[PDB]
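This document opens with one chain alone, in structure tokens, the form deposited without its partner chain.
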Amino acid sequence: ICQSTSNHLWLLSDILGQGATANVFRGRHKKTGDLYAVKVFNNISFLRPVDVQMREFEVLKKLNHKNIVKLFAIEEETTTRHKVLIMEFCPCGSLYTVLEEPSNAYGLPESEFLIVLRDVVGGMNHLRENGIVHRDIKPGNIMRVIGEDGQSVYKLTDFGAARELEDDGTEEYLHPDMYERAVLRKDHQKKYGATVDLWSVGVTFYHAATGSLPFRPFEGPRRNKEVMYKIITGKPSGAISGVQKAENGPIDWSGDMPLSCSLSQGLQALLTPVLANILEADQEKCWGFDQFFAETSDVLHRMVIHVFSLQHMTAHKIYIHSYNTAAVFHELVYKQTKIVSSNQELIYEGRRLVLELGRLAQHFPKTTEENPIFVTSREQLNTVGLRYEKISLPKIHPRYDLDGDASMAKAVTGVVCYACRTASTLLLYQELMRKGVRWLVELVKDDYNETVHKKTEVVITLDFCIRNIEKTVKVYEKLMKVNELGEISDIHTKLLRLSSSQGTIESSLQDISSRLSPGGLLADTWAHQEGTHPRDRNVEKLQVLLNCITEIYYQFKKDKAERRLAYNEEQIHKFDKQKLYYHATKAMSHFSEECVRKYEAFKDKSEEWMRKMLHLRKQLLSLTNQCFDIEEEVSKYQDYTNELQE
């Protein structure tokens, strides 16, 4: 069973999109065999001239742009005559298809979210500048295409079909108040048009960022309308999300992102205010489109520099502009870590880092997330570590229900996947911790060696001075025998008084030099015993279990679609259900007993090591300052005044 045109051909079985106004099928150009999406209008929309066809064709083909699905043609069906739209086929699906993946159950990965933001905002931009104001922007109509470079590109669709065929040929039979409802309708094209798009886009962005809707009531929005109404109409400015727990009561109120959202703190700091200003239900303080575009563009233009706070054990993505100086950079690092500029000490690839007070970000060293700018303070702070949400497995209902079981397996797969991500991140913090510690130790040893250089550099001076006055006085009171003998003796005595202090400094320096050996207390051997290693393979164990669970889930999706099963298929379904329970339970057990425990052990020992290290650092600095004071003092007696002679 197939339909066709003069150029294209498609099967009815191969549906892609479904709407009570038109259908989307995947068909081919029969001259080339190329895949295209065809929009066959569900009849009705005819006995209408072909010049509206050509004008709308010209204005829709003018919409030839990235982030917008390309329109190829408007053709007639062979037998049924009704019009079809030849447009670009997006094989990967839409944004909704992506968000339905359990790996994205708690929001998209950060890079992908940046991609989504960029492409959607671009599409809106090109749409508004061409006269078209979108009304409904949702993940359902945000298509996805894999670019030549590998990374995805999102395209807006379903915008030209602004056909008003709803109402309730009832035009010449409706009460004047239905016309008044139509008046209440046409008051949206005033200013309630280019700003509602902002609302829907805000909701879409929250859904993509967190993996869940911003405003949730009982069990679902459509499943409980009357409360949803007040939830939406009630929220004040600054608010982001309002969630209703329990089976009734009020709500919970947040102007921040959910804990389960893994978007970096910086991007989140850039994303919260725009969402708050975009989800407002009045005039002025709802943000006009232009400023929203300037804002989003501002965010999307910034480059990212990865830094790692080694005192809090926390990773950071700083969103700096491509022209901003190092000052604002330090202010951002402070803003996320609460360590102020002059306290910030930086390390890159085993060596120190110093930023000129006006160095641009273009010329900054290139950092991945596994090779960042390690940062530390000079004072004593507390370790913070990863802040995730302790999500627990959903109760796997002992029953038999294909739909419910499919949904259940979806939820479980999502949770276990989140556990996998969290485990990986914990391992990352651990590894970066080890690397940064090794580097920091080997970087303190440098300051030690330099200090010793300075010290001996002054000790040869003391030596030559004392030796010199000894010589000169010896030859003086040998040649002239008598004399002043009691005058220079004080210079000698105070030089010795300096040499003693030098000895003390030598001793203490020896002490710290012993503590930076192996064996001693300030070695990095706790980092080899505590925590989890790559060779432990915990992440890939969780990955195996997650693979089993995922397979079972896909299977339950397939079973759900089949509506009901054969005898054996049913028994297999049950078996695999309990098997899924065991897999998930084992995975979570291994995540808690093996991945988190040792993580926190490593963490605590890292804090207790950080204290000692910082302490010894301060001691070293003190001794260095002492050496400098000695050098300052000895620089006097190099040239002194002798008595005037006749």
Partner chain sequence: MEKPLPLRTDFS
Given for the second form:
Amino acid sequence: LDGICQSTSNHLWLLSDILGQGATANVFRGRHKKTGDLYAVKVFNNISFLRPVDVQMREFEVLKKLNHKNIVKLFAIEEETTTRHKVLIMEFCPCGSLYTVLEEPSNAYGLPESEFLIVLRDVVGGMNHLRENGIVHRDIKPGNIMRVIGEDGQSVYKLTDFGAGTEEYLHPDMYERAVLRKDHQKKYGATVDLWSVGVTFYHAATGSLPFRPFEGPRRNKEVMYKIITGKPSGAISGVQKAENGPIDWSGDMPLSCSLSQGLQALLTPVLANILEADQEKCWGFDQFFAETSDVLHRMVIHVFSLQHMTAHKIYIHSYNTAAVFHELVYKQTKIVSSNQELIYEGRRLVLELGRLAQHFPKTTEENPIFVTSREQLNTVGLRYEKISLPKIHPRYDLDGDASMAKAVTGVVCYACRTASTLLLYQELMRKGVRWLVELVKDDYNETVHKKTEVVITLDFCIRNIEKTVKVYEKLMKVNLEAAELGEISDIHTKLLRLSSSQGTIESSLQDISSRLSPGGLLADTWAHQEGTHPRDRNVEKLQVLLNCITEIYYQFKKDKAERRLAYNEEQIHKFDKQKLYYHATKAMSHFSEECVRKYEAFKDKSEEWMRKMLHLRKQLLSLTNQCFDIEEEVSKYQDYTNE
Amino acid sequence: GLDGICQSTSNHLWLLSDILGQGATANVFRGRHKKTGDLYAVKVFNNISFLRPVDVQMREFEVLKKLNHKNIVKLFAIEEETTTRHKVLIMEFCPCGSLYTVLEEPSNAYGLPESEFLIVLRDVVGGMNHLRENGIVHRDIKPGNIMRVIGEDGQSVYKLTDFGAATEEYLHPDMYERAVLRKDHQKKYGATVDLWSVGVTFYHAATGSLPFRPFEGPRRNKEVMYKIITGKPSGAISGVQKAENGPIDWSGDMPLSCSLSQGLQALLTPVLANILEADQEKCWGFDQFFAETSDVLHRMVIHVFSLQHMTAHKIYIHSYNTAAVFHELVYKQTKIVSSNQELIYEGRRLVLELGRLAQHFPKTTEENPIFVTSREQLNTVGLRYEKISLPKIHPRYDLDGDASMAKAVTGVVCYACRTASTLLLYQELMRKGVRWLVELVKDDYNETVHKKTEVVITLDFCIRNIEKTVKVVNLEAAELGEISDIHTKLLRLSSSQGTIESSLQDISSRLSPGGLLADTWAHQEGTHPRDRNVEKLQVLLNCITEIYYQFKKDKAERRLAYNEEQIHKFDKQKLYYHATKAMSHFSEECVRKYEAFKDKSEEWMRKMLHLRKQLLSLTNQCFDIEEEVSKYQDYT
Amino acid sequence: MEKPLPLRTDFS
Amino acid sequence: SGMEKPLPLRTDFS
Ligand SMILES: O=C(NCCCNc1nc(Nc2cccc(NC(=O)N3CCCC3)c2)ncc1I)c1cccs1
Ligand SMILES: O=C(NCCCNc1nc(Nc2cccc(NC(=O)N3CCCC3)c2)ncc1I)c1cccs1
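Next, give the form deposited with its partner chain bound, keeping in mind that what was shown is the form deposited without its partner chain.
Once more the chain from above appears, this time first in line as the rest of the complex follows.
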């Protein structure tokens, strides 16, 4: 009620300090009386006293020995002081659960990918420890996945809330409860465990539940069953999308899902074979644990395609060769291995086919391995979902206002992440186009170094046989020096065919030097005009508005909790409702007019510039190979200049 | 069913509990516009009484109400409180509090971060100037009355506030003192007194401490304080009585604990030393102060990192400034001359055109800098930080003491934690630089071998002229004479070129990936991002911070209830446990590995400059051969 | 949408 | 460790 204490001989807690209200028990924040440390206390209701206590504490001992991260620690079983009944002393996770985590508006459309992999890593490692200690757990939900801050800062998710007549005189209606007790037991077949796990993973990935009838999954109790027991093999989500219209299946993550394409490629097949009605084609734990832990042991290399203007996470094993790296890059970019040029920190990147992934250059999302083709490729862009504000109910409703506020915060929150990615795409494009231009400079500079090596061996052979005409026709027979000879006069005209046709190699190579020059025809002048920039501060401008909308939303929650407001406080709440819509719209249209429009203008100026640069690299290649054709042409003619 | 906690005007209301400020003449409450609900700060003069008739300070307020400038907090209206008729000024509410509450955070115990500092400097100077333009200055600018607003773009906007706008033969000898003489020697000091306060504020913002301290705190020792600010040598900006009643330690530089860039310190220390000067002349004037500071603010900043000193650098340069002064500015901090500065940007070498404007330099950030290295030998300096240790935590239960103790401790672990982060940057940058330098030398190698082979197909081709089956059986005029001396040099040129290739290969085997200049120490020694050392520290710093914030609350209560007392006593042990763990982690893991990486880079640098000398000698050797063969190429 | 009346000073 | 004075937390206050 208020200022009420329960205690054991070793802990105490306030009934008001309640963390968790379940049907069988309640959990409280408590302290160890002598040290002051914080523990959670699980105290059981009056209806949890319906199975013997000899086998109830049999369950609890076998749990008190479970020692493992990803499992909340059970420290002791003690007895309350005044009343005498059993309480569990557990590990206190002050950060709450994955449920409170998904309840934030930042995770309104799914967790960020780095955190998802942790939920995945930790939930799978928890189940495995439970399966190994002979414990089934089918109630795995965000509600009872706890979150702890590990001492390195990254989250650690931990599992919890798991356990360890005479027939011939019966009325035929009551005889049906004497045959559906052993026969209606459509026995579970051990693959039931990971249906929850699969729903949880979809929830954490997308911010929404996988199977949803319109009006909610709970208001429409019946259409729910039609969806679960009718989902095609491989389908991942079923949504009504209509007041009462047909249901819409899909085996893909929603567009709103921001996880990398690489990861969805790994993740969808897992969920597809984890959500399955029969035991035969549905996965077993041996296969689930083996297939998932394969995703966990992969490292991530960030590559960015300049031709496409698209980022890519490459999920690859530490022991995989450079060959599989190229394949994985092809699977996302449609650029074949023999067409992949890698650029890293300004210089090209050669992969020796024996090189292992662990020895690759370290990458971050903002320091990626760029990949470009010499062939033509159309720019794709960042594929995101176009989300706009919900309609604002003019009713003064404290429940409805808090819900509308959560939604608006989550939409502006999404626009704010997207706008951030749009700036990275533009900033990475600029970082890459800059280097690509400098690599065509190395390619041009190499061609000139070879040309000025062949132009001087061509010359030392021409004046080497022309100076024998200075002795054959000037000092001896003195006649017209024009009549042709047999053997050498055919290789003399063949050399003049090289020296003169190479003169027009310079006139075209000089043109490509000029268009590749700084103020030239291929300058990256669009890159410094056509986008948004870090100095525009569009992200933090949005953030500033999102902070106001968020501050209102948190308040509208406290208003809902207070259930009904005083007079001045009601007018402020009403005033702040208009303020919230003002800020949201100010943000959403700024997302449209400043972030998106200037990004699209930049995306299109890069498709123009991309065609231009590909053409030039094709010309410079055509000229480079002529220098090797003139290289071998003088190779067979030079040793003939022996005398 | 009772009132007396709600004041109002005809247009605003406020709760006497929502008090934002207290002062001798008035208080300031957070209030609302009755018709619109918008928040304003309302200042209510409950003791307006002074030596100043109300008509003087009322014409003042009408003057301030016209002010409209981004660094003044707007005075919207002058109103009368509904029931007491007290004058109330309603004005713009800055929910972020003041520069005082900012400098009170433990993360600013040792000065503001540079970016924020520049903002305070810009806006304080901006408001100050707008005041002069309207014929007001107060000499009373201090953090207490500089408000902070979050701008549309999320950057702070500081705003000035709380400034005004405008017998005898029958008396004792001790009354004749002050009645006709001593209260008459008020020399109405002006013009230069104003800046002293702004100087102390900027020092305080920049270091997190006050510039003049008599060991007992400026307030508890009233006397020594006056002895400091009146005997301060010209050019000094801080005087501190280090020990109990010791001499005063004068200094004219920032303290090591000051995280401000060496570039900005060089600009700031002058405008402090000339602002904190206690005479009519020798001190600066407004017009010079505004121009001199305006010079710092109109400067852009280019980031450069010295691979050989292992130090980062901010270069405060004008956009119209020429590349030649960029080198000057790098010389001032690096002590390496302009003819010695090789510049590297994004994996490639940078060419300072000697005349290009800084406006057109490549964009840089603290982590994407321009690197600088020379061919000459340089000793690694590393980050200069101050080594700050946890204070002594005394074991008594004292609510005032423990609050003061937790604040100090939180501050030390922020400095530790921030310093730990910079150490990681210097290593991550160092590695990016070494990697890039090694590839540049590979370009200087490939450039040399490209001309070595370019010249051998001239030696072997011009030897095939004067030394083939064409040149040179009894003969006496068949060329065996003065041309045979050139064929001799050309033979010793082709043979000496032999051992050029032998030494040229030897350096390729050290530039190779496995060779004895491979940057293998770089990925073994020192700390890495994957080590998560900063966020490890951060996790402890959050425990410590949460406790300090609760110990503030306890101090406020002055008396803790029974259980709370005991929890507070346990949290004080937790606080000391977290802090000593964070501190020893900073020492034995961040610093210890950083220094190991530092010494491994000094050793690897010696090997690098020794190879670059050699490769150079081989390059010059080829231009020599090109020179000496381009002479004999032209024969007759 | 509306219904936002002005603030008052008799809490009743 | 050095900090002292810590008493056990109580439920009953007479
Ligand atoms: O476990 C349950 N319910 C969910 C959690 C309570 N359980 C535990 N909690 C903690 N520490 C902790 C810290 C901060 C906040 C929270 N609370 C939440 O995050 N909530 C409340 C409901 C969903 C979101 C918990 N330690 C151990 C346990 I066992 C139960 C279901 C049936 C009985 S209990
Ligand atoms: O002006 C004064 N005092 C300066 C401060 C209050 N004044 C103003 N405040 C605001 N908004 C605001 C918001 C949040 C917190 C705070 N307060 C602080 O952070 N404080 C209090 C003093 C040092 C730490 C202020 N708008 C306008 C003014 I005018 C005076 C107090 C008594 C006479 S004058």
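Here, rigid core means the biggest group of C-alpha atoms that superpose within 1.5 Å across both forms. Positions refer to the first chain, counted from 1.
- Among the residues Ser592, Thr585, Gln619, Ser45, the single one whose Cα moves by at least 2 Å between the two forms, once the core is superposed, is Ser45.
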